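Taking the form solved without the named molecule, here's one chain by itself in structure tokens.
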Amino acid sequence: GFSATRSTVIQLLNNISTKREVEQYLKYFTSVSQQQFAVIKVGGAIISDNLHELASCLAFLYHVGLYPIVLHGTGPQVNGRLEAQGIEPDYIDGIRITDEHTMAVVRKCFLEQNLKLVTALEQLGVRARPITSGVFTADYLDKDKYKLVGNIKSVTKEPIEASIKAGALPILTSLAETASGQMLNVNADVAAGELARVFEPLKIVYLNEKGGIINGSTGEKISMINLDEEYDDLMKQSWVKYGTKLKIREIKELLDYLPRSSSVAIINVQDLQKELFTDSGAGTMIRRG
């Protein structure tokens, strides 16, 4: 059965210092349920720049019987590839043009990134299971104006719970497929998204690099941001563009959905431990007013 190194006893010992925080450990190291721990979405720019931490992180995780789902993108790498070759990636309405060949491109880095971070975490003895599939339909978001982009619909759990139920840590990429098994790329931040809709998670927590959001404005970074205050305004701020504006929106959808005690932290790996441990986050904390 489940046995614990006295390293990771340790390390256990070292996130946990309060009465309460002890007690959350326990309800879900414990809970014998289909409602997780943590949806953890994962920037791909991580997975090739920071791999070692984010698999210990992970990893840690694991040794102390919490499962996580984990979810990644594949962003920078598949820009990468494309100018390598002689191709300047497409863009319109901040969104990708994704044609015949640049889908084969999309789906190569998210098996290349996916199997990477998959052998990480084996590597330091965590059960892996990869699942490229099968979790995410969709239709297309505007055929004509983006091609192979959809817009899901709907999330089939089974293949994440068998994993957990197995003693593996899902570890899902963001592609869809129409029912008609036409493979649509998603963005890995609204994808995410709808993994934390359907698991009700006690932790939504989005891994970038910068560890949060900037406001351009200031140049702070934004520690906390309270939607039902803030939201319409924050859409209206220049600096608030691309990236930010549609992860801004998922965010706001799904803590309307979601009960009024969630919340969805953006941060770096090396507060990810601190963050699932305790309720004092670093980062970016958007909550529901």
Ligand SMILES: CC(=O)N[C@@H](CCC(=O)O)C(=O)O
The other form holds:
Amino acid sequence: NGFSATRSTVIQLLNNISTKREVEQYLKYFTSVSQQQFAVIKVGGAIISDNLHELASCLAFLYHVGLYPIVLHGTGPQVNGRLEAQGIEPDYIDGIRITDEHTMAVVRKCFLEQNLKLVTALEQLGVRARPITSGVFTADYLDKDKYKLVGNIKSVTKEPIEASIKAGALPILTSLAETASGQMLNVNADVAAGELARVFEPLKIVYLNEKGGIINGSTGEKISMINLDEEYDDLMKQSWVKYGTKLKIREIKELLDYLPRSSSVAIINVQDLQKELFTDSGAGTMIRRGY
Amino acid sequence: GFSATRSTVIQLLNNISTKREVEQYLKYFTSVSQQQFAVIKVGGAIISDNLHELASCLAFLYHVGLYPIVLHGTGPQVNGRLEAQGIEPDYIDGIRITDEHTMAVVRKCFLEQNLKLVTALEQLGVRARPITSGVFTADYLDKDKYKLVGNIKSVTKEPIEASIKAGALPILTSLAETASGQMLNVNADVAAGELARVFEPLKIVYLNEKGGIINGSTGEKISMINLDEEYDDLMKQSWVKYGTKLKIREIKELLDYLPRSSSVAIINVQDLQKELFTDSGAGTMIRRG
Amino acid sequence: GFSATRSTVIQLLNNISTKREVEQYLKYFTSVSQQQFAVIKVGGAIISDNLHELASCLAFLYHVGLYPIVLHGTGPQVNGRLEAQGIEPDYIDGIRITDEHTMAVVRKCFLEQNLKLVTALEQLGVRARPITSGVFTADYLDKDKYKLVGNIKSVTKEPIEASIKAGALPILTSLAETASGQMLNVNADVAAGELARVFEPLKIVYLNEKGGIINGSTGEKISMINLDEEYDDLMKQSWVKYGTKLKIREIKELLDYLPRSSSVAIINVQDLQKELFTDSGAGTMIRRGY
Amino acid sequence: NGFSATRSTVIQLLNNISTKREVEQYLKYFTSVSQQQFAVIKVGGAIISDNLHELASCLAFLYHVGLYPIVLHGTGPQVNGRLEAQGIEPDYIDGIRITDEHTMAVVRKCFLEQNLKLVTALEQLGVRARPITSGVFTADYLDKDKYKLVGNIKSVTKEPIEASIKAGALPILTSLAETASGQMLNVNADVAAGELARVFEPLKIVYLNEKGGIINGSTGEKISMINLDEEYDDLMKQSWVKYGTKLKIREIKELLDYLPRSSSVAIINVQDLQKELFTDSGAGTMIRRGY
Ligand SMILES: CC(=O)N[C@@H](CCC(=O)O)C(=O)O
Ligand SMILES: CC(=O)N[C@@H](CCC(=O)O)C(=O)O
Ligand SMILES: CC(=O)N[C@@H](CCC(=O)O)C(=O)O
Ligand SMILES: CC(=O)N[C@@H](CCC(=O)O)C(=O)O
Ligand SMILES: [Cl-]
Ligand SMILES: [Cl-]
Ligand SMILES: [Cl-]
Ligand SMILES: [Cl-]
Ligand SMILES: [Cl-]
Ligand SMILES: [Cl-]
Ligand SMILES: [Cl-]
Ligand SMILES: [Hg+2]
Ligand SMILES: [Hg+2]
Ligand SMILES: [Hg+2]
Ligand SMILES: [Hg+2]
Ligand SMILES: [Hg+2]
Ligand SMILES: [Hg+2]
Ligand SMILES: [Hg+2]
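One more: the block was the form solved without the named molecule; return the form solved in complex with the named molecule.
The complete assembly is shown below, putting the previous chain first.
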């Protein structure tokens, strides 16, 4: 809601504008009376460890121009770092972490740390943020025998996210879910973000990763656009598509079958976020249902 | 940058009238150490019955640059919800027996009450941070007897300190978690006692509706309890039951660990300002004898 | 401290449409040096006739973190006051002949107009600092001919720089003072020119009601004057008289000192933003020429 | 008008408070609704060169609690230092500087310097201050033959001072006056401050000096109170009341003849001002009508 452009906000806004067209684009967003949620942004765990300042800076820009994102982040790399320090190797199937009781302890502790890290970086920039670490995702077991403490999300409770935004604070969420009776269950961040998007139907849906999209492994070329109805089935049969990419793309396809056809998902690097959000950039991989 | 209005400064002056009161305030106003001003436990009933006065008093503390650690309960509204759905509340030794359905009600109630308090504060211009999990680590108190109830074994200070450092009042629930991530129900008086133990605040305050503890055998409010002299005999009295017994027990165990200079005030919210700014306690004061 | 509202940012965006314009704004927005963005001379009449527009335009500049040096006149208010007293205004070569009584009137009017503008700015949330003396030191221009009229010999920058450093728009009169403290009257166009000479600002703007200079022999507004080619011929034209003649000469002598990249814009307040943010001038532009 | 207590303002207020009586004294000023000007404060020129931080700091306290003083400063000592360096002996009669053309140029320069020094120190503390160096005092020649460029003040134009206060800025004045036709005339700062106090009829009238009051030259002791109706005539016959002190005492006597008997004037060091204004300390020299 609250628009308050600091010196850094003004510089961020102007520094890459070069045309009337770009100016007009920003004017359209700043004069908008829409009540639609602006954005759900999924943040790769690696970005919080490697690229915190940059992440905090673009989130701060959005905050200062009154366009609050719902932010959901992962924690995969730092979990593997802790397990390795303890002489334990991680285990996945279908891109999903097999999560026994000891692994869940590490996952929970790492999520809390990395969540607070991001919230604090934001507060150090004068951006109000709330760590939302429980009470959003209710889940049952995806498959206890196979994955152990891994959740299948059944419902999203919106009130803590909306209360945060209403209070003027960015809601910063982990992908942890809970059963009704309170057993925490690990969920993949790509999946949890998609559930948020499903229920909020935001203007913008963004997945931030380091590669800045999805890279065709046979050619090495970045895939600019994916038309799911045409390309999904045979894209998934390609042997270069890694488990994590397969999980990501499956979730997005399911998400976009629910959302209206006007919705889309951008998979992009954080340095290209502003131009993709505001000035209609072709950076990253854009994914839509299509025909 | 901190600033205070005329009304805030006037109310501040109205609370301070001696050199030691001034010094106490300024000591905590400009945080020169990791020392904490207050742990304030809020009875759940206050959030449903007297929220505006609770929020206003906490908002005054914030506006004079003080950041109490606030932890609230939710027992009465859990009891309300259960009775509303035709389920009778289930306690033993003052502790709620918490099966799988009861825990879902407790969690949802905790979160609702928490957001209610946080939002009332925000509406008064107070930055408040919900801290609903991640502080209390527990194992099962007694599975067979209480089911999903915790016995706290550690307090993680970071989220509370981070909140204060960001200039927001931390508003905590008493939910705890096992290492493996099973949330457990903990009595809010007990949890508050665990916070006081690790933070060693200047002030330890429990807010209830009665404004202290009443002696059942006489019908008179108890002004002071000297534990070393009175605890053993007091716990034998048959009028001392349920939640009260549990409250006195935890406070006794807390004050055994804290220095003799510490004390615990059980008061009504209308006595909070006087209890925090002066040594002339109100309600029921408890100290080591 | 700095923050900008939505409507401030919207208005900034409406003023910028090229990369060059962005880099120009950013250069002056982020400056930690003594470089100056603008000297803006305000015609006295505008304070009587169109104050709110003037004050709003200056407020926008302040709200985007730009700190123009503002110097204003008061000629027409003085003439009205003299005529209210049954005194005929007395000019030669565009300069007011200023005896003791007239100096009292000029001083009072100047201080009044100054406080009028400063207060209008403050009402819009703009910090503005009256600077009514201590800037211009002067000798007598010609005591027999003009009486209490000054020829400016130095400009003290300190009061203006301190205002800007504190985040306040400096609002100046053109009153000057002898070393020993006799105030001397100076034409506001000339004093503004002296300010431009020592500050060498990016932008030199003269605000008048006509939005430039009209060629008397055609009735057409002059869009551009290239002084090297046109100045001698122009000053021989019979329609070039009084205050307009003085203004042109003063601008010419100013531009003899400044680099060829400089220019002076004589415009109406409605064109101030365009003139400040873009290279597409308005009204009457004056330069040396290439 | 605008009350806004900063961190340092709160500490400044409470630091010295030990009793309920002191508290109630501050409550009286903070709950007040009277339209009367709070204070006229004369600042000896030396304080601006010698103890500027401390001066800026107590003025800042008054600003932040919404009790704006009208501030008038001198510059006598630094003019003498300038003259000294040019090989010129300072020239005084009856505590008033004889001021020829050269000396007026020094006085003027050096007034503007001290004025801007004070204004800038206030602004650095986040206090809005407006330099008011002309347009307040209109004067005739005091005695051209005897004093040269020295003024006798005939009127005080209030508008600039009231406009500054209304805008939220402390008005910081020099004592320079001007004739109708614009010859600047030098006026002693003690006299100009008296002329301000006459027309503003403030609640408090304070003269700040480094000595911290007036010293009885014969006994070698600070004078705490002067009852003028009783003491004035004999005081003016004492050998140790000459130069500025004589001028000051006479100007204060004439001021308190015009003002009601409830008014008084304090002469004090800046370190004792807060306690003097708010909690009736009895430091420095208090002067009043008496009987
Ligand atoms: C179930 C599962 O795979 N959880 C992910 C969540 C963290 C993330 O996505 O970065 C994990 O790595 O444990
Ligand atoms: C274990 C237990 O009794 N917990 C409390 C928590 C709420 C409170 O203390 O207000 C309960 O009523 O469930
Ligand atoms: C000397 C001289 O002509 N001064 C001008 C100054 C006012 C103005 O320029 O608006 C005058 O009118 O007296
Ligand atoms: C006339 C006169 O004596 N003026 C004083 C003004 C400065 C002051 O009072 O400090 C002077 O010393 O010149
Ligand atoms: Cl960005
Ligand atoms: Cl860990
Ligand atoms: Cl209240
Ligand atoms: Cl419920
Ligand atoms: Cl509920
Ligand atoms: Cl306008
Ligand atoms: Cl000097
Ligand atoms: Hg960890
Ligand atoms: Hg509930
Ligand atoms: Hg309180
Ligand atoms: Hg305008
Ligand atoms: Hg006039
Ligand atoms: Hg000097
Ligand atoms: Hg003071």
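We call the rigid core the largest set of C-alpha positions that still match within 1.5 Å between the two forms. Residue numbers count along the first chain shown, from 1.
- In a core superposition between the two forms, the Cα of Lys27 is the only one among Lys27, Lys236, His52, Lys245 shifting by 2 Å or more.
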